[PDB]
Structures are given as structure tokens and as C-alpha cells.
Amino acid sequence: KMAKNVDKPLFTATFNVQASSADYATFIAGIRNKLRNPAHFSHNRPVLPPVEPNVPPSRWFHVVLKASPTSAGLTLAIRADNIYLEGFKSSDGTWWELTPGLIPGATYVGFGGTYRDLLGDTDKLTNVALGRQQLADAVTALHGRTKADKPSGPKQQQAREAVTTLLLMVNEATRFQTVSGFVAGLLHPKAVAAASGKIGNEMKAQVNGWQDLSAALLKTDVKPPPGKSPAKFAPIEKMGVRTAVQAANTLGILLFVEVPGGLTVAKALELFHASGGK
């Protein structure tokens, strides 16, 4: 029941933490593009393929975050079905995991990868500073981890904060155009003052309801039964998303959700494979 292919990524996306806002946007867009089910879009936004049933997580990608174009970078191990971060590789080659016993040969980092684990409450996302130095510092803290370090409260807290930073600036940014645009807006050239900022309640609610928002948009694609007008988008006011157009502009990539009258897990995977998906 351990994960498979963790170190056999389907692709590797790389970002230099000193690179331009434009390059950051390109990096995030590339991840969405490589994750997509070519056979399944909703309102011209990519949908992930379904999670493969009755096997452990076997589809992974890597993100490499580098201090400079020449530097060895921090490697993130992320699921290619739901974009969950489960592991990261430090400079000494150690694989660290966020779920005990999930990744073969990995060392458990001592805390889990949910926001409740990292922050105490999912309501605390609005407290997390985002910005270029936060990214750099997160990379430094995790990349510099060694197997033989003795842990302390402070190192563990630094590690939780670094993971939280990467989750927002990589994983949530991949999921949400709102988040990726906000992060991109905080990245500036060297001649501009160092910058940082925090997300508002709308983006917090989006991050906390990715499946909900994905499902709500997917429902609008379902062809209506005989006699019916097409399904209308149901506003999620807390996310500030009231229309399907707003939902499309918000979603970076959709989590696959089985909705009534929509594609099943098996059928969407069939189409994924038929279209060349791995």
C-alpha cells in the first residue's frame, strides 16, 4: 500500500526562485498543461484525470526549486492525480515524507501535509506571508535538511512554515489562477523593493473548496435530460465566484469529480488513455 513511481516522475517542472514574475507564470502554466487530461476540459480549463481506483498512488511529478540557474534544487514529490505534496528531497539526497510509510525509503519529517497539520486550522491561510524571499527561505530550510540533524521545536516550526509556503506558491497556485496571479503580482525585478502580501478570504475559501468549485463547474457541462434547459452555475459566494465565467477564470486546473450525468472515473480514465495520457 506504499506509493509507486515516486522517483519516476511523469514530468519535472523547474523554477529558479530569482526568476521573473513572467517566468513564474510560465512555470505554473506548464504544470497545469502537463497534468491535464487532454480528453477533458471544462470551459477551456484543464481537468485532471481521475484518481486510479484500487491501486496506491502511482502517478507523480516533480517540482525542482533552485536558488540560481546553476544550483542543485529542492525536489518536491507531488501526486499527478490530485496535486498533493507528499515528499521532498534535501541536498544530501534524503527523501522526506509527509505521511508516515507512504514513500518507499523516505524519512518522515515529523508532521503531516494538511493545513490543519501545518497551521492548526485551515482558517489560518490568510496569515501566511507570500513573496519572493518567503519562497527562497522555504527552499533553503527544506533543502538544507539532513538525516542526522537533531530536531527541535524551532526547526520543526520552520519546516512547517516552509512547507506551507511552498504549498501556497506551488500547489495552490497550480490549482487556482487567483492564487497564481496573486503570487505572480508579488514577484518583481531586483530594482524593486522586496515585496510580500497575504491572500484574502475569497482565495482562502477557494483553496479550502477546490473539489467543491471543480464539481460546481463540471455540473454545467452535463447535457440536460429530455426537456431541460442546461444546468446553470451555482454561485459559491464565499469564494466570490458567482458565474461559470468567474469559475473558469478562478480555476487553474480542475480536480476530477464524478458528478451526476457526467463522466465516471472509469470512463474519464479511458478517454485519458485514448488521448495518449499516462
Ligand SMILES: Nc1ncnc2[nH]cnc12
Contents of the next structure:
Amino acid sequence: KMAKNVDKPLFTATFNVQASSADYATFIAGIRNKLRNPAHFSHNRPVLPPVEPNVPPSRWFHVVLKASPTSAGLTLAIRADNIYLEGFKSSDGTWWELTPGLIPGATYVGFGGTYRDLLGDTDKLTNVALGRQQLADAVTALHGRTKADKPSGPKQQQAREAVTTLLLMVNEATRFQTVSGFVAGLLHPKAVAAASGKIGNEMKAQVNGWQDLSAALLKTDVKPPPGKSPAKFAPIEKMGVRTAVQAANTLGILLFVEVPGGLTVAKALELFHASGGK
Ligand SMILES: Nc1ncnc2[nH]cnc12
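Can you swap the form deposited without this ligand for the form deposited with this ligand bound?
Zooming out: every chain and molecule, the one shown earlier first.
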């Protein structure tokens, strides 16, 4: 304790909830691009820099979701090292937080940021509806939160539903091309009927095994010992991911993992800084 720089993002990505599917894809791609360690890719997918050892989380960026081109943002506070959502900012200026005492002068929303906290189990993910209206409503309900009012059970219930929706349509979208592609597939022009959708089991598993999938691809990059054949990608069948090429098409941006024979935390951060990363 406590978190550092929440007020000073390394960049801000902005999205208009009424904008085109292509603009959403551009929005997501830009986040991954700005998060990347320039010195570390795996199969031409970006890898996040390691989490800095011996300090509290000090690298953040903001995402702004807007009702319209001129509306003011619902601001999300997200870690630039593991893309964790920890805070959001309502219209009256109140930073709300998902971890007690994490963010400077923030107010604990009343519930945790984990899928078990928000839903009740990691396997309820395949029940959450996403889409343009779900996104807009989630943005509204959060941005409409005021520093005064009674955390009614009903109000909390709606709020957990909202965070679950945005985590999926922003955070998990940044992490996974499957998720981002799914969300982009839900976004249509006005001339198309409104649409909703829930992620399938492969994406649920992917979302629940980001570290595992990241680590699994990272192992294929390790150069092998003498006399042993080089490493083969090891399938995560529940994820529908059986090959390295499939893993690369699935990963939006990889979490940094220390794998045996791969980059260490110190070394990857060293390469990150040498390439101009901040
Ligand atoms: N609170 C949270 N923030 C970011 N990613 C998450 N994945 C699951 N829960 C999350």
C-alpha cells in the first residue's frame, strides 16, 4: 500500500459507445499497442512488460467511455502492467474503487473486482450479455453514481453487472482477440437491429487462463538444450487452443510470465527501458 500514479495515466484511450465496429477494433488495438514492451513480442503478438518488483502498482492508464462525441467520459482506471481494473470515476468527481484502500482518496464501491466477487463463480461468465446497449447502460449506471446515496442492494446488483460488462468489453477485449472480435461482431450501424450476446466456453476458459495461455506461448520461444528437440506448444483444450499459431491468433497482448529459460523480470524490464518504455 498504497497505489501510485492512478491520477497520472501513461496514455488515455477513448471510445464513443455509438461509434463503428471498426473504430472499436481500432480503439482496442491502440490499447494493446501502447501497453506493449517494444523489446518483447511472441509470435508477433505484444507482451506486456513485467510487473515492477518492490513497489506498489505504479503504472496506470485511463480508458474513457462516452455516450456521444461531445459527452464527458466515464473514466476507467486500469493498471498498465496486468490490465487490472481497480477504479472508475463517476460524473460528480468521485473515484470509486474495487479494492479497499488501494487508490488515493477513492471510495470503496462495496464489492470486489474478481469474477467470483461480481458474479458468484468464474463459470457465470457465459451468462453475461454484452453489446452496444449493455455497454451504454453499464457506462450510464456507473457514471451516474453519486457521492452521497444509499448503496441499495438493487443499486449494487446493477453495479456489479456493469463492471462485469465493461471488464469483458474493455479489459478482456484488450487481452484477447477472440473477445475483441466477438464484441466488434456485436457492434452494428443504426440500420441493423439491436443485438446482444454472451461469450462461449472457449472464451470463458481463455479469460480464466490468461497467464496460462501467455506462459504456454512464451515457452515456445525458448531456445532448446543441445540434443533435445525444440519445444512444442502444449494445448489448452478447454480454450480451443491447440497450436502456437492458434494461440497467437487468440492472444491480444500477453501477460509477462517468467518461464524456465525465458526472460527474467529484471531482464525484460531492462530491455523495456532500453527501448524507451515507461
Ligand atoms: N477486477 C478485474 N480487473 C481486471 N481484470 C479482471 N479479470 C477478472 N477480474 C478483473
